[PDB]
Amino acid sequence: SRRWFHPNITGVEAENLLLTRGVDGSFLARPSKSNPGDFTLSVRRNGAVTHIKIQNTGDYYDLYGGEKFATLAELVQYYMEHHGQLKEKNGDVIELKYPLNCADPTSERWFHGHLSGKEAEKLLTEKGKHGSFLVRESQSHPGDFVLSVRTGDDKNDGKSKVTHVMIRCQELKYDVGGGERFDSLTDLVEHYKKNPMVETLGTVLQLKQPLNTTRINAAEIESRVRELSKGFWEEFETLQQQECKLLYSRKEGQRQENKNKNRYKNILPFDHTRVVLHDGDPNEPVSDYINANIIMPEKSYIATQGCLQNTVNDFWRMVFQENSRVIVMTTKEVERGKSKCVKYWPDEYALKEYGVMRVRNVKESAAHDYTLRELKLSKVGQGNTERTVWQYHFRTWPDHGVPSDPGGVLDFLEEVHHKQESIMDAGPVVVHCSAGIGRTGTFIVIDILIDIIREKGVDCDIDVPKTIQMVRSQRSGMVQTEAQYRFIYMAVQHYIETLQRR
């Protein structure tokens, strides 16, 4: 369902699982132990298991002998609807039919593992609300679990309370002492989230939301980073597990008429946040589509792909229409010999027409990590529509992974920030890389987080994974890898330490 990912399995456990508990068409996904960014899709077919490698270096999930995807969930959805579409090197079809579910609860937000009832009561009392709950290992009955839930009023008078429900684990099935025996804690929790338990005297044990364990005071960032450095992996895992909630429709990008406007055919903008282009060529049957989404913190952004030859004109329609005055480009045009973005700006001192739009490149300035290009955009035939668009082109991002130090990125975003804020009623900041989800998401999330610290100073609340999940609900797969997740925390930490130095 949303449990086909096995975070702690090994290759051999995965084979035995598929062979003992699965059938032909059964599959699961799992991480490599050794090489973060590597994943395996394990699949039973013809009474044997095939392992298909998936690689992610920061831009997308690349399935060997398949396509590129924004998220593993989107990959799984695509092949569970397209059979015969995943091919072996033989050229034979590999069918994904029957997800093989994982029982491991460590990636669930509500699971806290080693925690006493006393620390649970303190956290629910401090951080918890009516319906806030967690699951923990039992102290009194080793091997069992306990569900702890706060109920009552959110307005220490005693009309709130915490109730602890024993969960028995008996032959790898879980129960609350009567009724149904569940295959996983996840199934138990989902069941009593639907069909809540009622105490003898009426209190309904509503399981509304897990306890928040990721929010920190920005001033204590150093403690959390030290703490997460011995983990980052589990926190990222918990976040990744939540991507099964985000399979929003992308129908406009899947239209025949829009196919060749996507750099990657399965990395598409969500319908609900896509940038819609108005004023199109009346001849062009579909002229309203670009692979771009509005991103609102919840200053806005447009997250988009690097231009194709045939979408350059669309890109400039978008910039013009949305009144954007700043463009952030986080890729070189070419990396590893592959075009990542076509050159959609004119050479310095030159002027080019891109369909109905004209752009002049007034001046380039080189800095250590970036080039700034001062561009003037206007509509042909209409002189008083000219506005300056500042393209900040970050040029030193490594081909794979992330930079070792966040200083160049932070200086770059500070400059982008001051430029944006200097322009009265500027539209959203446009941000793009290649596919528009990995680097792009990383730069956007860092900018959202630093902006909070900018407004509210060092004694304010930040929550990295909730920020990422919020951005991921507006464009598929924003922030691609654990290295990018760690870099975000590194970037915030550096920003905070520099304020404290003053």
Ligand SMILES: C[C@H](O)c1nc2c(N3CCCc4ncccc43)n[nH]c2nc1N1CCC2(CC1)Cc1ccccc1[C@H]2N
The other form holds:
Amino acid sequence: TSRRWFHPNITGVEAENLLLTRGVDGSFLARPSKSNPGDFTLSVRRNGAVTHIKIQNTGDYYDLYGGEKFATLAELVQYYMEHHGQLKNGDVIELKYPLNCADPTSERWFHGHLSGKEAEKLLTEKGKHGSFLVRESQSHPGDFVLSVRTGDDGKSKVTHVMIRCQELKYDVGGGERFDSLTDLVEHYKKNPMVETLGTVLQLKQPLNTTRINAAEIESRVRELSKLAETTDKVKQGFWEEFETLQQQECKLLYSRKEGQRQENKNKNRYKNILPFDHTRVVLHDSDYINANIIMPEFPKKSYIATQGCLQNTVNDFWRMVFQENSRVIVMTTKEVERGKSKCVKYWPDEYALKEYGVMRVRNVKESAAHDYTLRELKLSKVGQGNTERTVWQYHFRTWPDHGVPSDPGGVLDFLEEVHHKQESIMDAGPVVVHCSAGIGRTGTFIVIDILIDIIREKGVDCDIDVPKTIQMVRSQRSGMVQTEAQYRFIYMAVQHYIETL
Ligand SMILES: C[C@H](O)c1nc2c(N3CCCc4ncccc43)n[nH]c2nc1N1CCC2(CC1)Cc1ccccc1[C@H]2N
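Could you please show the structure of the form solved in complex with the named molecule, as a counterpart to the form solved without the named molecule just displayed?
Full complex below, order starting with the chain above.
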């Protein structure tokens, strides 16, 4: 796995020159857009020239101009490198050779202008055996410092290794010279440095600097929100956390074979946004629906993340709800936004009874609120009177067309009622959550609920780790939490929750 074709800090011109001077026809890279922040650009060399293709993401998916919609940039690159997905005035565009980035900004172990002292404190307080980090050197500009903790009262220690930058290559004073910090770290991960008297300088795991005490979320958000005036002050902020998270998505390219099978193509709202095989909901008693089980310790504490129903998947949706014993549905989209259908009406009108295949649904009563509408539904299997159970649909209607709400209070009030309903139902199955593609808004809601539930169970003095939780959810459905705006909104929502306690 590798995501080195993503260059986080280049301009369009620098991208052009890199491709023309260091690449060949078929070379490609991706980068964040500096003209329209929040978007991305895929730049590809072919026939001695560079083509730029815009990628847009407002919170639901990566929309490649002239191409398809994708759950992550890694899934997008893999699709066209493997599949052609024919990316294409007619001509074809080939992604042949990733043009690799040497910038370490988004490595989990790189901390930029961290001082050797700030670094010593973090290693002693939060470090364990094998924790390591890399930082720029103050005393020797251009060089770096690798610090490792090893141990089990003097049973553990920290060791500092100087990394020299000599005519564009990096070394630790002897042996091989590498073209980038990443190449050097990976080498000494596989081939550990060994001290004079036997100590192995094992690079076991990057030092954790994202886990926080929930009670201090306010000061942490203040810290993460800081805007560096110069690059001297560029330190760990929201953007650094998020793009370091995004770099880890190449580890999550799990198989989605079932959703690509012939008989399942038209059950997917978006052709290339598909459920992982190893967590998809399998329908027993066709077995396919575009949905995944999300567990916060990867039933009553679990979720189902799914897409907005299509007219030909409504019956399968209710088979899933019934089979999994779900009693609560969270829908975070209108039926239609920006003139386009996001989810078909899969519930009966108020007071009406409808049959969906072998499933029967009655809309007992609707209750309208400021931000959302609650629909009380009774689901039964035709021919089995004893199977009736109430299903509570919480339909949040005011999520903005693009981006995230300006204030998390309405979402948190909505989320609180959802949680209370679920908890009052004995033996309730997983909560169903869906938007359009079921990864963006859906991922944001589920992660917030997971984080708040830790505070519920352990109190405000507990540890939470936003990126850690997201990566775990992203291992069960592709691209859960789509954008930096949503990443920030998750922090803002946990902060708002704590302040109202
Ligand atoms: C290892 C560290 O704690 C971390 N971790 C993740 C993280 N993940 C995803 C994978 C699984 C997972 N598991 C458990 C916890 C976190 C995570 N996502 N973003 C993360 N960001 C992190 N820091 C902030 C960003 C920099 C590294 C440190 C620190 C820094 C200073 C200046 C300039 C640039 C940068 C970033 N280079």
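Numbering follows the first chain given and starts at 1. Superpose the two forms; the largest set of C-alphas matching within 1.5 Å is the rigid core.
In a core superposition between the two forms, the Cα of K122 is the only one among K245, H368, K122, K259 shifting by 2 Å or more.
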